[PDB]
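Chemist: Listed here are the chains, written in short residue letters.
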Amino acid sequence: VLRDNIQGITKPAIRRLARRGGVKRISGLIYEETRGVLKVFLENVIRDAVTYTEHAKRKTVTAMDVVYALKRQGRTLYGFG
Amino acid sequence: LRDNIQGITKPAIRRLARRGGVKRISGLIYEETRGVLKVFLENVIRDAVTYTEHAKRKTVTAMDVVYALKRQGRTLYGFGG
Amino acid sequence: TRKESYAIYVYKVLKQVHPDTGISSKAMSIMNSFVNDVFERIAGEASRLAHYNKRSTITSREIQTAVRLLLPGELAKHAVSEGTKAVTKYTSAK
Amino acid sequence: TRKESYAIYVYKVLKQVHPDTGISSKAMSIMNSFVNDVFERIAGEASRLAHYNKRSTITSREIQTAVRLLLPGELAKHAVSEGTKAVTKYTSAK
Amino acid sequence: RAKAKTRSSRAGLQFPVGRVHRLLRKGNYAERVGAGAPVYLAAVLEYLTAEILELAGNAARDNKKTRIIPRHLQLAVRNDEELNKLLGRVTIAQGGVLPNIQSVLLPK
Amino acid sequence: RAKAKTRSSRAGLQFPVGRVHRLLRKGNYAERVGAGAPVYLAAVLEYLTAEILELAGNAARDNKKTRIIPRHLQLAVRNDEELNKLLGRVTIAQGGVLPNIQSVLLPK
Amino acid sequence: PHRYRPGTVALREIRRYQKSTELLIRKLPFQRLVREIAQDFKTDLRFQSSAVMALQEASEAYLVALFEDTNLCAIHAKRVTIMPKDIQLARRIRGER
Amino acid sequence: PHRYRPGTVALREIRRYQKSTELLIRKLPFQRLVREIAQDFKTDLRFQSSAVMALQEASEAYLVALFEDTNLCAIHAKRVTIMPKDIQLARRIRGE
DNA sequence: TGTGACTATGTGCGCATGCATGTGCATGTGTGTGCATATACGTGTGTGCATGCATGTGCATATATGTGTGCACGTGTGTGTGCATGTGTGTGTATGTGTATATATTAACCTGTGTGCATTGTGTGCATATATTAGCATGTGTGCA
DNA sequence: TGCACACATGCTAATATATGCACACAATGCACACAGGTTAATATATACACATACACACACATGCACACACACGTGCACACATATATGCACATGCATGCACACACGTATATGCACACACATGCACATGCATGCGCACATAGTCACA
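Chains as they are written, first to last, in PDB author numbering: chain F, 21 to 101; chain B, 22 to 102; chain H, 29 to 122; chain D, 29 to 122; chain G, 11 to 118; chain C, 11 to 118; chain A, 38 to 134; chain E, 38 to 133.
Hints in this document: simulated from the structure, not taken from any laboratory.
Each hint can be trusted.
For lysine-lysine, the following DSSO-like pairs were computed, each having C-alpha atoms within a straight-line distance of at most 30 Å: (1) C:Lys13 with D:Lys122; (2) A:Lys64 with B:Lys77; (3) G:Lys36 with B:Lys91; (4) F:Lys77 with C:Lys36; (5) F:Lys91 with C:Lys36.
The whole structure should be built from the sequences, with the hints applied where relevant.
Modeler: Encoded structure:
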C-alpha cells in the first residue's frame, strides 16, 4: 500500500513501455506525464471495481470486478474470466 | 443517381471546417473530406437498411437511422430516439 | 394509436425550475431522447449487476450502484441523494 | 462447486482445424472470454431487435440480423451461411 | 376501494413511477423488479432532467429568449463539465458547437 | 420414449445448443426464445471459434510451436483485417503487440 | 478597392458559423447522395423525410468534430492550414481506420 | 572502447520488446500503487492475485497503445522524440 | 503610430406567421385488492486464500560521464491559398397527385412454455507425459570505425 | 575490410503444465399439455415519390497577391549509451486470520388476476414568441500620415 508509490513506476519501466509502442526517442518530461496518465487511468478502473465489490457486499476485489469495470469503460479484457 | 458525391461542394466543406474552427484549408482537403463522408454514410446506411429488412419494410425511417447511429457509438438526440 | 413520451413530465419539471420559460418541440424531442437514453443505460447496468451477483430481481440497491457507475463525480452524489430521499419518502407513505 | 465454461467445446473445434495442436490454459481462458463476449454482443443486439419490432421472441431471424450488424462484411457472410445451414439441418432432422 | 394515489405523488415526484415500473418489467432487464427500484430510477431521471433544464433555461435567458431551443440545450450540456462527460458521445440535433478559436489562429 | 440425442448432434455442431438455449432464456433477453435461435447462435459461435483457432494454429506453426499461447491468438487477430475490427476494443492478456516500426525511425 | 487581408474574413466565418446551428450542406444534393449510397444495399428504397434529416445531422456533426481534431493536428505541426495527412492522423488516433 | 550510436540500442530494444509479451512494469511496485489508490475508496481492501494481474495487463496495454498514438503525433510534427504535448494531443483526440 | 474611410456585426423597431400552449373526449393503463409463490436473507458452517513475515540471490535500478545529434531557431522563397468579382444554375419553396405502403383489425394455429421424469454429458479431482524452459558452444549477422 | 557485439541455433536435462481418465450429478432431452404470440388476410389511411413552377441566393470560375509552408542552415543542450555501485524485486516458504462460499430455513416481497377509475395522448383552437426586414449606431479592419 504505502504512500507515494507512483514513483515505483520507474523511468526504465516507462522506457520499456515506450519501446513496445515503437518509440525511438523519449524526452525527459515524458516520465512525469506518463505517471499522471497512469494514475488517472487506474483511479477510474479501481473506483468502478470497488463499486462492483461494494455492491456484492465483499471486502476483496476480484478479477471479475476488474474485468467488469474495464468492460464498463469500453476496454474489455480477455483471459481473466 | 450517379456521382452525387460532388454535390458536397467546396463551399459546403469550407463551412463545415469554419464551424470546426479551421482558418486555412489546403486544396486537397475537399477530395479527402468527400471520401471520409462517403465511408461514414455507407456504415450508417448499411446498418439502417439492415434494420429496415428485419422490420420487413421498404421505407428507411428516422428510428432506423437512430438505431444504426446508436450501434456505432454515435447516439443522436432529437429524432424520436 | 397513442405514442407515449416524457414530454408532459419534462414540462412539469421545466415549470418548477423556470416557470416563465417555454420549450420548443425540437428541444422537447431532445429531452425525450435524453430521458430514454439515461433510462436504458441505468436499467442495462442494473440488469448486469443483478446477473453478476446471481440475483433475479432489480432493486433500488442495483439502481443506486448503476447510478454511481454511470454518473460522474458530483452528478452521482446528488442523484443518489434524490433517489434515496424519494425511496425513503415513498415507503413512509406506503 | 461446478464452474461452466466453453473450454471442452473449444477443444473439440481445435482438434478439427488443427488435430495435432494443443492450447495453453491461459489461451483457453481467452477463448472462453471471446465466446462469452460474442454471445453477449449477439444476444444483446437480438434482444434490442425484438424490442424495436414489438416482438417478445428471439428467433433465428433476429440472430441472423444481429450477426449482420455486428460482424464485419465477409465474416458476416460466412457466419450467416453457417447459421442457416445448421438451422436447416436441425429442422430437417427434427 | 380507497382513493387511488399515484406512486409518483407518494414519492413526491413529477416523473411517472408506474410507467417506469412497467418499462422495467417489459424491458427484459430482470424477471422481477423491486418496489423501490422504479421510485429510485424515476427520481434520478427527474433530477437529471432538472439539471439540464435549469442550465438550458439560463442559456435561453442569456440570449434574450423565453423558449428553450436545441441550441440552449447544447450550450448547457457542453459548458457543464459533468454533463459533458455523461453526454460525451451524444449528438444534439440543431445544437451547433461551442464558440472556440485557437489562440494561435488569432491575429497578433 | 427413445434414446436421447443432443440438439448439437441434430444441428451437426460441437458447441452446446442446449446450453445456449438456457443461457438465452436465463440471460433476460426476451420473454420467449425460438427453437432455431440457439441453433443459429451456436453455429455462429462455433464458426468464429474455428476461424480464430485455425489462424492461431498457423501462427503457432510459424513459430515452431505445437501449443497455442496468448501470443498466437493476438497475432491471428491483429493480422486478420476483419477479426481486428471485431476485437478492436479488446485487450488480449499476454498477447503483446505486432512488430511495427515506423520507417522514419529506421537508420538512414 | 477595399480588400481584407488573408485570414481576416476566414476568422469572421468561424465566428459566424460557430454561432449558428443550421445545416451547412445543401439538403437536396445530400438527399441524392444518401439515395445513391443506399442503392448498393437495396433497390426501390424509400426514405422518410426525417430519416434523411437525421442522416444529415449526424453527418455534419461527425465532419465538424473531425475538423476540430484535424485542426489540432495541424496546429501541433506548427501550421495553420489543415492537410489530408492531418485528417488521416486524426482518424488513425480516433480508431476510424 | 566500443560504443553504439544514439538510437541503435533504442531500435534493438524496440524489436526486443515488440517480440515478447511479459509485463514491463515490476509487479511489486505496481501492486503497492494499486493498493494505495484503492485506499481512497475503501479502507482495508483485499485483492485477489489475479485482480492485480488483470489491472497490470490492462494498464500496460493502455500505456503501450497510448505511446503508439503518441509516437504518431511526434512523427507528424517531423520529430522522432515524444514530448508531453504529443501525449496531450493523443489523449485529446481519443476523447480523454 | 494615430487617423480617417470602408465594411460588417449588432441593436432596437415594427409586423406578420406558424408554432407552442391550453382545453376537452376517451381510453388505455396504472392502481387497489387479495392471493399464492419463490426469491432473498439471516444464521451457521468449513475452507480456501489473501496478508504478513522472514531469507536468500542477483537482476534491475540509479547515478554519473561523455557526446552525438536531434530540436529549435532564424532565413528566405516560391506558390498555393484567400479574397473579391461577375454570372448563371441549381436549390428551396410551394403546389398538387397518384401510388405504394405502413398500419391496424380479426381469426386461428402453430410454436414456445411448463411440468415431470429419465439420464447422459460435464466438471471435478487425480495420474501421466508431453512440450516448454533453462544452459552452453556455435553461427551467423549487423553495426561501426 | 576486419573487429566486436548481439541475437539466433542444435543441443541436452529438467519440470511443470497440459492431456487424458474415472465418477457423480446437475443440467439436457423427452413427452406431453396448454395457451398466447405470431402470422395472414383484409382494409385504410398515410406520406412518399413524382412532376411542375418560380425566383434568387449560392456555387463556379476567374484574377490578384499575400503570407504561409517548406526547404535550408546554424548551434546547443538534451537525451542516448555506458559503467558502476546498490537497492530491492522475485521467489520460497511458513503461519494465521478471515473472508467467501455453501447450505438451509423462512418470512418478506413480488408477481398474478381483476375491477375501475383517471391520468395521458390525440385533436381542437388560439395567441404569442420567433422570424423578417428596415434603418441606425458601432466595433473593427486596413492603408496612410
